[PDB]
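**Q** Using the sequences plus the hints, can you model the full thing?
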Amino acid sequence: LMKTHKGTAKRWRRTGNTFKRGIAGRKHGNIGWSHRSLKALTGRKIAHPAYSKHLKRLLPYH
Amino acid sequence: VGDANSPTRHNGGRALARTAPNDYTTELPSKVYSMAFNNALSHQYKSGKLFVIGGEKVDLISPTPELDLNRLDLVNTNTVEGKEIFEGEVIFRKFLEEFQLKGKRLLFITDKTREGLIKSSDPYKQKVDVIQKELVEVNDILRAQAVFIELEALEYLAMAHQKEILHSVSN
Amino acid sequence: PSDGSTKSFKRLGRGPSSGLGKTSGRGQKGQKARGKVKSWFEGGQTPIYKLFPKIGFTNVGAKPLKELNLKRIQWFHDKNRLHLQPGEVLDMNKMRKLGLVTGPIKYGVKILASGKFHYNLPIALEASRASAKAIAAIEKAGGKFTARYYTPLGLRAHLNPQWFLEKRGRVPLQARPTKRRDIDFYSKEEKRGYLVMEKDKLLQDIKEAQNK
RNA sequence: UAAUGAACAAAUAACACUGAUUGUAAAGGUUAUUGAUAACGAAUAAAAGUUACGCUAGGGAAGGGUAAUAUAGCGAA
RNA sequence: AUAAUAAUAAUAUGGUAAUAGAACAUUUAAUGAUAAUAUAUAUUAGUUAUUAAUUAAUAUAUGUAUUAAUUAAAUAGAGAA
RNA sequence: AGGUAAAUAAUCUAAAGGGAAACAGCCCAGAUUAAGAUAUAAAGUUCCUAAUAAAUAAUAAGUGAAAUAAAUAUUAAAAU
RNA sequence: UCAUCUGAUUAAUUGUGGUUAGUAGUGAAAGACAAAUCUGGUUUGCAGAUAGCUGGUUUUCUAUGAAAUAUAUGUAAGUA
RNA sequence: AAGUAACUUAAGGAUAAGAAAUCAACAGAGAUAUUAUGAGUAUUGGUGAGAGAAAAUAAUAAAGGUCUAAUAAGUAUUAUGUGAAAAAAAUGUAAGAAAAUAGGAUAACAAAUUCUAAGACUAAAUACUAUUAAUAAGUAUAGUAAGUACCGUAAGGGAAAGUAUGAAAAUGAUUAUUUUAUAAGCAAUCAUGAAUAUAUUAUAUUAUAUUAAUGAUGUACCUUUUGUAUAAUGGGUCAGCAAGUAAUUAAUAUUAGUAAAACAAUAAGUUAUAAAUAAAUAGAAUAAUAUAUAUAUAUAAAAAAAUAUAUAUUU
RNA sequence: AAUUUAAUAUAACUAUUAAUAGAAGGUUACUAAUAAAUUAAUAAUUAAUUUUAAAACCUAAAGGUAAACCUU
Ligand SMILES: [Mg+2]
Ligand SMILES: [Mg+2]
Ligand SMILES: [Mg+2]
Ligand SMILES: [Mg+2]
Ligand SMILES: [Mg+2]
Ligand SMILES: [Mg+2]
Ligand SMILES: [Mg+2]
Ligand SMILES: [Mg+2]
Ligand SMILES: [Mg+2]
Ligand SMILES: [Mg+2]
Ligand SMILES: [Mg+2]
Ligand SMILES: [Mg+2]
Ligand SMILES: [Mg+2]
Ligand SMILES: [Mg+2]
Ligand SMILES: [Mg+2]
Ligand SMILES: [Mg+2]
Ligand SMILES: [Mg+2]
Ligand SMILES: [Mg+2]
Ligand SMILES: [Mg+2]
Ligand SMILES: [Mg+2]
Ligand SMILES: [Mg+2]
Ligand SMILES: [Mg+2]
Ligand SMILES: [Mg+2]
Ligand SMILES: [Mg+2]
Ligand SMILES: [Mg+2]
Ligand SMILES: [Mg+2]
Ligand SMILES: [Mg+2]
Ligand SMILES: [Mg+2]
Ligand SMILES: [Mg+2]
Ligand SMILES: [Mg+2]
Ligand SMILES: [Mg+2]
Ligand SMILES: [Mg+2]
Ligand SMILES: [Mg+2]
Ligand SMILES: [Mg+2]
Ligand SMILES: [Mg+2]
Ligand SMILES: [Mg+2]
Ligand SMILES: [Mg+2]
Ligand SMILES: [Mg+2]
Ligand SMILES: [Mg+2]
Ligand SMILES: [Mg+2]
Ligand SMILES: [Mg+2]
Ligand SMILES: [Mg+2]
Ligand SMILES: [Mg+2]
Ligand SMILES: [Mg+2]
Ligand SMILES: [Mg+2]
Ligand SMILES: [Mg+2]
Ligand SMILES: [Mg+2]
Ligand SMILES: [Mg+2]
Ligand SMILES: [Mg+2]
Ligand SMILES: [Mg+2]
Ligand SMILES: [Mg+2]
Ligand SMILES: [Mg+2]
Ligand SMILES: [Mg+2]
Ligand SMILES: [Mg+2]
Ligand SMILES: [Mg+2]
Ligand SMILES: [Mg+2]
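Chains as they are written, first to last, in the authors' numbering: chain ZZ, 54 to 115; chain DD, 116 to 286; chain JJ, 66 to 277.
In case anyone wonders, no lab produced these hints; they're calculated from the structure.
Some hints here could point you the wrong way.
Going by beta-carbon spacing under 10 Å, a handful of chain JJ positions derived as facing chain DD [claimed, not checked]:
#1 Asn145
#2 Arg146
#3 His148
#4 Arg161
#5 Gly164
The following residues of chain JJ were derived to be distant from chain ZZ, with all beta-carbon distances above 10 Å [claimed, not checked]:
#6 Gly109
#7 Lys159
#8 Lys181
Which chain ZZ residues face chain JJ? A few, computed with CB under 10 Å, are given here [claimed, not checked]:
#9 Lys56
#10 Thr61
#11 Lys63
#12 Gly69
#13 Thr71
#14 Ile76
#15 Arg110
#16 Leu111
Note that the Cβ used here is the ideal one computed from N, Cα and C, for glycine as well.
**A** Structure follows, in structure tokens:
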């Protein structure tokens, strides 16, 4: 039987009929940049259709 | 070339070979199985090839004959202290030719084991099958060209393969 | 067979005019032609399971509750499928027995208020908890709600007590709350906690401990 | 309009979210922040040569085109 | 308010990689008459818009079909290694 | 350079059929199966090879006639 | 094989037995020999090692029908 | 990969395990051994390739609970080097207790629970092999010979081969019909004379079949390529054999059963029934359709972004 | 008084299920063999339960070897 890919499990979560994720690029080198601009690098986004199929295969039981 | 086992060789192995015991089991919902069983029984009844043999638990408006029985069995078989043959098979053949069904598939569904019937129908094993109510199948019923079923066995099968209803009070 | 219940599996490598001939769909050459490569391998670039950060943690102490809205209760009532004798309480056992809450109940049931505007049953209710709107609607309809604490074994005993009676001759005693979260929740009055609503001995023991 | 670097693993602070018998802890999480992978979408914390003794699987990722060069002629002088 | 066949007007019908429908030959399992005035195989000549079956003649074997048809399955189709 | 690098068509790739003598890429045209009466595309009509009769000038060098070779030199044509 | 040439009392040539070898022997040293050939022999097993490479992949009919570009990649014969 | 292959050693019809210094969580269970759910969840990883439980509920199983020990000391524990990918009892070196007024179990401490190491026996459900019976959408290339012939010094490798029939092809000789000694290329198609053969409606001025007069057209087939008649790959010919299959899973589509329920029906358990959040004790109309409501960010509360729920009958 | 179907042999293997149980080869030659008993069955055959006779040489370990040899 297939096994959940734990890396994807830790970096992705199931929401509705798709998956959520965190942002990339706000863990160092933030000083000198605009806070009102870095605001866009805080929070979550949704999976993209280009890789929805990959995610479905990587997390069979999600 | 490599080893001598290659499938491309005369004494080589077989590509993508199976390994017994091969698994061919399949599963089907119980409700569908019950519906199919009811359908087979209904088909036999509609074709007029389902005979019901029973009594002693329902009111009879015509008395049973002295020679006959109310059960799907043939008594007086083990009494073989006569000639090379005894009464059981003789009565079975007489039934066979009286009802004009000799090389026809026959099915006998019973409640409990009927050793007399089994012994008497042993000579015609090629065309007559005897089964208890527990072990019958749709293939047996549909294969039989004449199906005999005891009344209690029919009661049991009907109860088992019954649609379930709860409450269901409506105007 | 019934129409639309069977097809023909596509047969590979059995002639040119079959449409699936020598290449049999593989294409021309490559690793995929005569080899196996992961479906989610993308040639080296940081994968979708590496670029993003690991977010969140799994709460092992979680207690998911099966949700029960008021519209279902009212619907059962109007369907005459809610068989309660007069002066009888609708608890999780009866929800399971009647069919209000179906399937396995791991931890408990929470009553939510979606059909609150049409709920008019003056019956009494029990559950692990309920929403504030559910409490308000239940009381407005002339009913009564209290939230009770069950462990896994205690809830099993509550749902299927005859199992314990048959196997062991006795139903286990319901366990007293032991955490801080449970005691706090069931001591709250706005949650209709059973400890406070029935003034039971546990809170008194805690008070005698503090006052010493 | 350039002035830049992913995720893992560490570290500091705040938050009051979870605290694996309970209580506190430990640890994790959320928010903010730090250090550069310049082959700059970054294999590992960590790695150069030689074979004319060489081996396997493959691809070829004098003729043909050109006339810069060479040779030869022509015009003009 | 379908299905089959036929009729009229209009549009469309090249195809590698690839996608999607449909069908035939072989073998096996379930149901399954008929029979040497038949069945099976082979050759020659005809028929059906024909990878297949059929009709006639001839030859061999056999009192004879896992037969026609519907399903279920494949060691199910070879000028390319 | 029948080179190399990209930018618009088109075709080959994966396109049979007619013309380019022969011809992946050029000119025309896209084969479901036949039939063969009619109108044709590109290309052609002395014979090989399906199909033509004319007008007005020039060429005399087989120049040329389905792959135009340059500077220059000679000999010839009319405008005032 | 024939002819020719070299040592021919020695660091000689041979017979019969024996010991040393597969990370491993012997070697007047040539990567030489270890059962017709070794920069490390054979047999069996792991084992259907692995191969982004090469070659094969079998009947018919019908309808639609591409690409050889961008980005990324220890990536340019692969893959997304 | 894997404590696998291999080598070595030692038992028995079986071996091994086994009646808690076990689980669990304040309520409780009560020995081993396999199987299903739990569950690919907790846990774990150059947090990469990947690995991965236990409680608890069921199934198989036997009478399954017993005393044999003066009740266990260089032992528990500690430090250190190793040690089943998560989970741990053994293990080299060296220090080293206590007596049920005690000891083991959790990173640590307190409280509470639970069990008593350093002494032991134990059917059955299981593994392998050999007979007997039953069923084969299994085998006559998995149908009895032979580990023989033969190959190697050796370890070792390792054949063909039942009976009858047989107008199967490749291949050879001969005969018959027809064409062929002034004509040049994938050997074929079309056009068209002529000879021959058969024909129980050839009535014939007939039909069909075989055959290089003669004319036109025609650059073998696959593979791999931008592109091959290519002097690029493969093929002396024919017959037989030769290649997308199995489980264990996830997603999607069609039909069929049932349907706010479905599958099982011993208990469980898996989907669906509520959206959301990293998570927490939060969770959908104040007398109506987003302008209301739920969650997340922010809270006096709203507004603002994103999803989601409400217009006789619940999807 | 025949003749065909379907099972069955001392005379195949493979897979599963269910029972029962934990059983000589080679060499060639002074060739390697048997005998009986019991009760119940119209001098006795049921078979099946007990007794027995012989059986060379070799297959590491009475000693040695070049296996079927040799020496005690
Ligand atoms: Mg952060
Ligand atoms: Mg901006
Ligand atoms: Mg194709
Ligand atoms: Mg390619
Ligand atoms: Mg290929
Ligand atoms: Mg490909
Ligand atoms: Mg890289
Ligand atoms: Mg708090
Ligand atoms: Mg704790
Ligand atoms: Mg912290
Ligand atoms: Mg790099
Ligand atoms: Mg780069
Ligand atoms: Mg970039
Ligand atoms: Mg490096
Ligand atoms: Mg040299
Ligand atoms: Mg087409
Ligand atoms: Mg067309
Ligand atoms: Mg085949
Ligand atoms: Mg063949
Ligand atoms: Mg062919
Ligand atoms: Mg071949
Ligand atoms: Mg070019
Ligand atoms: Mg085109
Ligand atoms: Mg191509
Ligand atoms: Mg063309
Ligand atoms: Mg021309
Ligand atoms: Mg031409
Ligand atoms: Mg000329
Ligand atoms: Mg001397
Ligand atoms: Mg001598
Ligand atoms: Mg050298
Ligand atoms: Mg050799
Ligand atoms: Mg050498
Ligand atoms: Mg191989
Ligand atoms: Mg391996
Ligand atoms: Mg098309
Ligand atoms: Mg293109
Ligand atoms: Mg590329
Ligand atoms: Mg034992
Ligand atoms: Mg493992
Ligand atoms: Mg003790
Ligand atoms: Mg003790
Ligand atoms: Mg230690
Ligand atoms: Mg390991
Ligand atoms: Mg003890
Ligand atoms: Mg030899
Ligand atoms: Mg002639
Ligand atoms: Mg010639
Ligand atoms: Mg090339
Ligand atoms: Mg060509
Ligand atoms: Mg040639
Ligand atoms: Mg060739
Ligand atoms: Mg060749
Ligand atoms: Mg709000
Ligand atoms: Mg001896
Ligand atoms: Mg001697």
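**Q** With a cut-off of 10 Å on the beta carbons, see whether ZZ/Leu111 makes it to chain JJ.
**A** holds, 6 Å
**Q** Find the nearest Cβ of chain ZZ to the Cβ of JJ/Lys159 and say whether that gap is larger than 10 Å.
**A** At roughly 33 Å from the nearest Cβ of chain ZZ, JJ/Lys159 sits farther out than 10 Å, so the non-interface label holds.
**Q** Does ZZ/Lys56 pass the interface hint, meaning its C-beta sits closer than 10 Å to a C-beta of chain JJ?
**A** violated, 14 Å
**Q** Are ZZ/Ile76 and chain JJ close enough, Cβ to Cβ, to be under 10 Å, as the hint says?
**A** Since chain JJ brings a Cβ to about 8 Å from ZZ/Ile76, closer than 10 Å, the hint holds.
**Q** Does the claim that JJ/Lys181 lies off the interface hold, with its Cβ farther than 10 Å from every Cβ of chain ZZ?
**A** Holds: least Cβ distance 26 Å, greater than 10 Å.
**Q** With chain DD as the partner, please determine if JJ/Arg161 meets the hint condition of a C-beta pair closer than 10 Å.
**A** violated, 15 Å
**Q** Against chain JJ, run the beta carbon of ZZ/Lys63 and see if the smallest gap drops under 10 Å.
**A** This hint holds: ZZ/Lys63 lies near chain JJ, its Cβ roughly 4 Å from the closest one there, short of 10 Å.
**Q** If you take the shortest Cβ to Cβ gap from JJ/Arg146 to chain DD, is it below 10 Å?
**A** Check passed: Cβ of JJ/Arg146 comes within 6 Å of chain DD, closer than 10 Å.
**Q** Let's test the interface hint: is any C-beta of chain JJ closer than 10 Å to that of ZZ/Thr61?
**A** holds, 4 Å
**Q** Under 10 Å, Cβ to Cβ, is where ZZ/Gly69 needs to be relative to chain JJ, so tell me if that hint holds or is violated.
**A** With a minimum Cβ separation of about 17 Å from chain JJ (threshold 10 Å), the hint on ZZ/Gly69 is violated.
**Q** Against chain DD, is JJ/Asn145 within 10 Å by beta-carbon distance?
**A** Since chain DD brings a Cβ to about 6 Å from JJ/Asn145, closer than 10 Å, the hint holds.
**Q** Would the stated hint for ZZ/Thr71 survive a check requiring a Cβ distance to chain JJ of less than 10 Å?
**A** Hint on ZZ/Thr71: violated, closest Cβ of chain JJ at ~13 Å, above 10 Å.
Checked against the numbered hints listed earlier, the structure breaks hints 4, 9, 12, 13; every other hint is satisfied.
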